[PDB]
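Colleague: So you can see what is in the structure, the chains are spelled out below.
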Amino acid sequence: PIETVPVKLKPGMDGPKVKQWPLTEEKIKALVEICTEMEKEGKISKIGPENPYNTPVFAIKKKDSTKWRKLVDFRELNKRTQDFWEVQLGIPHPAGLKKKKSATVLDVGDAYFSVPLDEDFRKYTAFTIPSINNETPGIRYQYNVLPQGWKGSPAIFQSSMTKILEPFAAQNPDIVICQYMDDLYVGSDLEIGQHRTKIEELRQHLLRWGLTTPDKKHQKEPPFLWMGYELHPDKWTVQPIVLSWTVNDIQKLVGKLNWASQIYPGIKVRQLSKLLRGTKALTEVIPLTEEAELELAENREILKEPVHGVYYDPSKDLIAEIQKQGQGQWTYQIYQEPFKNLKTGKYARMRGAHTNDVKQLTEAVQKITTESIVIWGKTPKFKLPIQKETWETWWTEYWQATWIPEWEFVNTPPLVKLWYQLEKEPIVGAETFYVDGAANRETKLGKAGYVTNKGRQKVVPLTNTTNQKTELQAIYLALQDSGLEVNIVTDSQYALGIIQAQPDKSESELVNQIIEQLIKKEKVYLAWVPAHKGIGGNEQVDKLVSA
Amino acid sequence: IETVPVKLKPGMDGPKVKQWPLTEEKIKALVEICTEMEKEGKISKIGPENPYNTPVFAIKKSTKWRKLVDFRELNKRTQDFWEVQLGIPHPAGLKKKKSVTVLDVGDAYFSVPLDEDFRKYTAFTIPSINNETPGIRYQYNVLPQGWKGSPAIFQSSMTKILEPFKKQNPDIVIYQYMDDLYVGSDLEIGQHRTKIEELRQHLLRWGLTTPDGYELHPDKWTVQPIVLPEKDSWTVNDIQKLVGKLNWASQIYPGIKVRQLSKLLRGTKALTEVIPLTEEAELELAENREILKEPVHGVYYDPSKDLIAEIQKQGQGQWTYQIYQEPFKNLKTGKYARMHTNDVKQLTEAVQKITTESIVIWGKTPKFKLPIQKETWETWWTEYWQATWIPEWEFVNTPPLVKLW
Ligand SMILES: N#Cc1cc2c(Oc3ccccc3OCCn3ccc(=O)[nH]c3=O)cccn2c1
Ligand SMILES: [Mg+2]
Numbered sequence: 004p005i006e007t008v009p010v011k012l013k014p015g016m017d018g019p020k021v022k023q024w025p026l027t028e029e030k031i032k033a034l035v036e037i038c039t040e041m042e043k044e045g046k047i048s049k050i051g052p053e054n055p056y057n058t059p060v061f062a063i064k065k066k067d068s069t070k071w072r073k074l075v076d077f078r079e080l081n082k083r084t085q086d087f088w089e090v091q092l093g094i095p096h097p098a099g100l101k102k103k104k105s106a107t108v109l110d111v112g113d114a115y116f117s118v119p120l121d122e123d124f125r126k127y128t129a130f131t132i133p134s135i136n137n138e139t140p141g142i143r144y145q146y147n148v149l150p151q152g153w154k155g156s157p158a159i160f161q162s163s164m165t166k167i168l169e170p171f172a173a174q175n176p177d178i179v180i181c182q183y184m185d186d187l188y189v190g191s192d193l194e195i196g197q198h199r200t201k202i203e204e205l206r207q208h209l210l211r212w213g214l215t216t217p218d219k220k221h222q223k224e225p226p227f228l229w230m231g232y233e234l235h236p237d238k239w240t241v242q243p244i245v246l251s252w253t254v255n256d257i258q259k260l261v262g263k264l265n266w267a268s269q270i271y272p273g274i275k276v277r278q279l280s281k282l283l284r285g286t287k288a289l290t291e292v293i294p295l296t297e298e299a300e301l302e303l304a305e306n307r308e309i310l311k312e313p314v315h316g317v318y319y320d321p322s323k324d325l326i327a328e329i330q331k332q333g334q335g336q337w338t339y340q341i342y343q344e345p346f347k348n349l350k351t352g353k354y355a356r357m358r359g360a361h362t363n364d365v366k367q368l369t370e371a372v373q374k375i376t377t378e379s380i381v382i383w384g385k386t387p388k389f390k391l392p393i394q395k396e397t398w399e400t401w402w403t404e405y406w407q408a409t410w411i412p413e414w415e416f417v418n419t420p421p422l423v424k425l426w427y428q429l430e431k432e433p434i435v436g437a438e439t440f441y442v443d444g445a446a447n448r449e450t451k452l453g454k455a456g457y458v459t460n461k462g463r464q465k466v467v468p469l470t471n472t473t474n475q476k477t478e479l480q481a482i483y484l485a486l487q488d489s490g491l492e493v494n495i496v497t498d499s500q501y502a503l504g505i506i507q508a509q510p511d512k513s514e515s516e517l518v519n520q521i522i523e524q525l526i527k528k529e530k531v532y533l534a535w536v537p538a539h540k541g542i543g544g545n546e547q548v549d550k551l552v553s554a
Numbered sequence: 005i006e007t008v009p010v011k012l013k014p015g016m017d018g019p020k021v022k023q024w025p026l027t028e029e030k031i032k033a034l035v036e037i038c039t040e041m042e043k044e045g046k047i048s049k050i051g052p053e054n055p056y057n058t059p060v061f062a063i064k065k068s069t070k071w072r073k074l075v076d077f078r079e080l081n082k083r084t085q086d087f088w089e090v091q092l093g094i095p096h097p098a099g100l101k102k103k104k105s106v107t108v109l110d111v112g113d114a115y116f117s118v119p120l121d122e123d124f125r126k127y128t129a130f131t132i133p134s135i136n137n138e139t140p141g142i143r144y145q146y147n148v149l150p151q152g153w154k155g156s157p158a159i160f161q162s163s164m165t166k167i168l169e170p171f172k173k174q175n176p177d178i179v180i181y182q183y184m185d186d187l188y189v190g191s192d193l194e195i196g197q198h199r200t201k202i203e204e205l206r207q208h209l210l211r212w213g214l215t216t217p218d231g232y233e234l235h236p237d238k239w240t241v242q243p244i245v246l247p248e249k250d251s252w253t254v255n256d257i258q259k260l261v262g263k264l265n266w267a268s269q270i271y272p273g274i275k276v277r278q279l280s281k282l283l284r285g286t287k288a289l290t291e292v293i294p295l296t297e298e299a300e301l302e303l304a305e306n307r308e309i310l311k312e313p314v315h316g317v318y319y320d321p322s323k324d325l326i327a328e329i330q331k332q333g334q335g336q337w338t339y340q341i342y343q344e345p346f347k348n349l350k351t352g353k354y355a356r357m361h362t363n364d365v366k367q368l369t370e371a372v373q374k375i376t377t378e379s380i381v382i383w384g385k386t387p388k389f390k391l392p393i394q395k396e397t398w399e400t401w402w403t404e405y406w407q408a409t410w411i412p413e414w415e416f417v418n419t420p421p422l423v424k425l426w
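Each protein sequence line maps, in turn, to chains A and B.
Taking the deposited numbering, I'd label the letters of the first sequence as residues 4 to 246, 251 to 554.
Taking the deposited numbering, I'd label the letters of the second sequence as residues 5 to 65, 68 to 218, 231 to 357, 361 to 426.
Simulated from the structure, these hints should not be mistaken for laboratory data.
C-beta atoms are modelled at their ideal positions from N, C-alpha and C, and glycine is treated no differently.
A portion of the hints provided could be inaccurate.
Claimed, not checked - When the alpha-carbon atoms are kept at most 20 Å apart in a straight line, the in silico SDA-like pairs for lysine to any residue are as follows: (1) 13(A) x 12(B); (2) 366(B) x 343(B); (3) 82(B) x 49(B); (4) 249(B) x 166(A); (5) 530(A) x 291(B); (6) 512(A) x 354(A); (7) 166(A) x 45(B); (8) 287(B) x 166(A); (9) 385(A) x 398(B); (10) 388(A) x 36(B); (11) 73(A) x 39(A); (12) 461(A) x 237(B); (13) 395(B) x 360(A); (14) 395(B) x 166(A); (15) 103(A) x 398(B); (16) 540(A) x 142(B); (17) 528(A) x 288(B); (18) 22(B) x 388(A); (19) 431(A) x 291(B); (20) 281(B) x 541(A); (21) 366(B) x 388(B); (22) 323(A) x 28(B); (23) 101(A) x 29(B); (24) 281(B) x 270(B); (25) 385(A) x 36(B); (26) 287(B) x 492(A); (27) 395(A) x 509(A); (28) 287(B) x 432(A); (29) 374(A) x 416(B); (30) 540(A) x 365(B); (31) 166(A) x 142(B); (32) 431(A) x 288(B); (33) 102(A) x 252(A).
What the hints assert, rightly or not - Distance ranges between label pairs, derived from CB positions: (34) 515(A) x 17(B): 55 to 63 Å; (35) 396(A) x 200(B): 51 to 59 Å; (36) 219(A) x 17(B): 47 to 55 Å; (37) 243(B) x 413(A): 39 to 47 Å; (38) 416(A) x 311(B): 46 to 54 Å; (39) 415(B) x 429(A): 26 to 34 Å; (40) 220(A) x 17(B): 40 to 48 Å.
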């Protein structure tokens, strides 16, 4: 026998009560045949009228195609059934598998029907078979085993399988057993004779618990078509990916591209993803963009070359190497031997504006690090296109705590660098610009300008600008009209922040103009002063622009 | 043998928190520890009808590994109800003592059994690498070590065990925060250390094991006062910053004047230009210096409210922090020096030091505002953590412009 998991319904809910819909008498007889057979094997049992609960029963009428099946909708029973410990959504990644001498797949047949259901819960699974004539009362059964649509069957099957496997795993620890839904993947490094011996021991051990294994026909074909992958005994890859597209045709294309990026390096989806903005109607078409169409042409070229990944060797280091490909886009490879990759991937910028290539690189290292721990259980060593001097300068002066594991520079351009550095101290003999901006919230127009120690002044009128755009534009004017060495004084806490963060690029066009002016300057010092305190030229520029 | 019945706060379900991924060394450690705990009856295997889960990690304070459960969510749902029913008083004398040593009393809880209707809420999962196997699932049969309910239930027996020692040493102050014993004396350090070993022997004789962060000196602790620079010549820039810092201090200290000093900067001057200080502004500067010299007053700890901690990274391994319940009313401020070593390691040491001080001073832990990207902190904070507790934290991605300590 197999121990039952005590199951309960939600606190304020009761067993389902749904009347079965009328069904064609051809199907009804087929349902009678299936349920009488299941009654024979102990899986279901006929219920008396004392049971009030009912759940809808459907069917597919028997045919040569796999249309001879009993279906039951437990959606209302599922809504009334307790929550369980969710079976893991993460799927084992092939690049984390360790090559074994042999590896057999054993799928369990009638897996849910081999595990008993809690007797106290059985009543709620009650189903009534339809009556051929409306005058006939229907015949009713309830499940004694785990129903195929029920909310609890996957998790109760998994836990039952774990308990059955525990002694055999203890008895034979050299053998590695992986569990996936209804399947057991068993690998070992024993000699081929002993490996097929222990499989039969395992195959026989599950039968004593009522679990049937594909002993005669093991699907032993070393290339396994599993969850979109090809698992060869020497390697793994992705299953072949098929290369005018409507909006939904784009989405499935991007999905197939991302799925390809596990092992095919240099797959790009950024242009298509920008196309898939809003436009929630799948029927509506997307306009073809030459740059996006180019993105597909490059991907088709990559997909032409067959790529394979290697399995994992616990005795060697994991290396992760990152390339900045394009703006905001990053690509990385993970390998142990110099040209054989374990797998591949990409990383793209976060949604926020005003980012730095160094910030993005550090985040990408962060992403890869978590991925490695999930797949392999350790962190990799890194190869990064950033000088140690660039990183050390960045970390020492960066307001946040940052870290990267051990890493070695790799002289592969594009190299990650800091496009400019602000001066810590004021510059002697450099003109001092006191800037300010202001704007009307009711009328989107505004003004911006500066006043300097040498008596220079400027005001420019602005349209459709917020107060923050003006404060940022006022700094822009001062950079444009300044020499190579300039001191700028602003009261804008907002503008100080954007520039202090030393962003490499931005979404806002004004900030990009500021960065490009900063790159052209030899020395820039930015200083902050409290607004409205009668300080310096801050009060003078305040009147010059808000008047 | 009797188990104190434990209830959750009404309208609250048990914790459902995801297990963060672990390294293979950490997983292997956890299976060793949990196998032996399972043999000892402390924990037992659970089925899928148990939907709750609480994170678990492995730290190493001790070459041997030690398990750490993150009961923060269970505490937010149990302890607050459990703190009113069975509270622990906090002595204001602990902060006064010359030396405080911190002992791990976590093994004490493993003798007292937990109410069976509560055990399911203590579920935790040992994760798997690459999802090759399902997570190993356990729940507690005895009082859990990180649970804020555990010291509350054991408090009665704790007072009995310590009574002989407290009779023999009425001067020593003993405070229990979850899993730890804070033992403060004003003796000589060598005498203090000797009394600690006597206390350890006492607990051992009564069946409480202690392992074989500590040696704190609360009376040496002092606040970080606001200090204005003292220069012989001031650039315009120097005065602007002084006015900005003095403008900043106006929120914490009433009475700060920036009138005369702001008058020095009148007009559109160059930053490098030295400014001779007027006699009136020299008076305004010195007036603000004396105001900043005398400690702040009028901030009272409110046990109903939450303590919050902010931390700023300065250079050279220096870190500053402020503890407050209200935005501009700081109960404490400090600065740490870190003997560069990892920023993350420096930050996790700072968080542990601040929490320890906040336990001694108030018997409460602060909620930290950590200046670090969440994912970086979540991956590596465990690598340096040495404490039996875990504070509450959020993340700030916005740099504080002031950096005025
Ligand atoms: N259908 C299918 C299928 C097989 C597997 C699987 O097989 C292994 C089982 C235990 C140990 C190592 C294994 O594989 C190691 C790598 N490997 C995989 C296949 C092969 O032929 N040889 C080989 O070394 C693991 C995970 C998912 N799976 C899906
Ligand atoms: Mg203004």
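Colleague: All hints are to be evaluated individually against the structure, with a verdict given for each.
Modeller: Structure-based check of each hint:
| no. | hint | in the structure |
| --- | --- | --- |
| 1 | 13(A) x 12(B) | 17 Å, holds |
| 2 | 366(B) x 343(B) | 26 Å, violated |
| 3 | 82(B) x 49(B) | 25 Å, violated |
| 4 | 249(B) x 166(A) | 76 Å, violated |
| 5 | 530(A) x 291(B) | 18 Å, holds |
| 6 | 512(A) x 354(A) | 17 Å, holds |
| 7 | 166(A) x 45(B) | 19 Å, holds |
| 8 | 287(B) x 166(A) | 81 Å, violated |
| 9 | 385(A) x 398(B) | 17 Å, holds |
| 10 | 388(A) x 36(B) | 28 Å, violated |
| 11 | 73(A) x 39(A) | 12 Å, holds |
| 12 | 461(A) x 237(B) | 56 Å, violated |
| 13 | 395(B) x 360(A) | 18 Å, holds |
| 14 | 395(B) x 166(A) | 38 Å, violated |
| 15 | 103(A) x 398(B) | 36 Å, violated |
| 16 | 540(A) x 142(B) | 64 Å, violated |
| 17 | 528(A) x 288(B) | 19 Å, holds |
| 18 | 22(B) x 388(A) | 27 Å, violated |
| 19 | 431(A) x 291(B) | 17 Å, holds |
| 20 | 281(B) x 541(A) | 8 Å, holds |
| 21 | 366(B) x 388(B) | 19 Å, holds |
| 22 | 323(A) x 28(B) | 15 Å, holds |
| 23 | 101(A) x 29(B) | 17 Å, holds |
| 24 | 281(B) x 270(B) | 23 Å, violated |
| 25 | 385(A) x 36(B) | 19 Å, holds |
| 26 | 287(B) x 492(A) | 16 Å, holds |
| 27 | 395(A) x 509(A) | 19 Å, holds |
| 28 | 287(B) x 432(A) | 16 Å, holds |
| 29 | 374(A) x 416(B) | 18 Å, holds |
| 30 | 540(A) x 365(B) | 39 Å, violated |
| 31 | 166(A) x 142(B) | 11 Å, holds |
| 32 | 431(A) x 288(B) | 16 Å, holds |
| 33 | 102(A) x 252(A) | 40 Å, violated |
| 34 | 515(A) x 17(B): 55 to 63 Å | 44 Å, violated |
| 35 | 396(A) x 200(B): 51 to 59 Å | 52 Å, holds |
| 36 | 219(A) x 17(B): 47 to 55 Å | 48 Å, holds |
| 37 | 243(B) x 413(A): 39 to 47 Å | 41 Å, holds |
| 38 | 416(A) x 311(B): 46 to 54 Å | 50 Å, holds |
| 39 | 415(B) x 429(A): 26 to 34 Å | 29 Å, holds |
| 40 | 220(A) x 17(B): 40 to 48 Å | 47 Å, holds |
Taken one by one, the earlier hints fail for this structure at numbers 2, 3, 4, 8, 10, 12, 14, 15, 16, 18, 24, 30, 33, 34, listed in ascending order.
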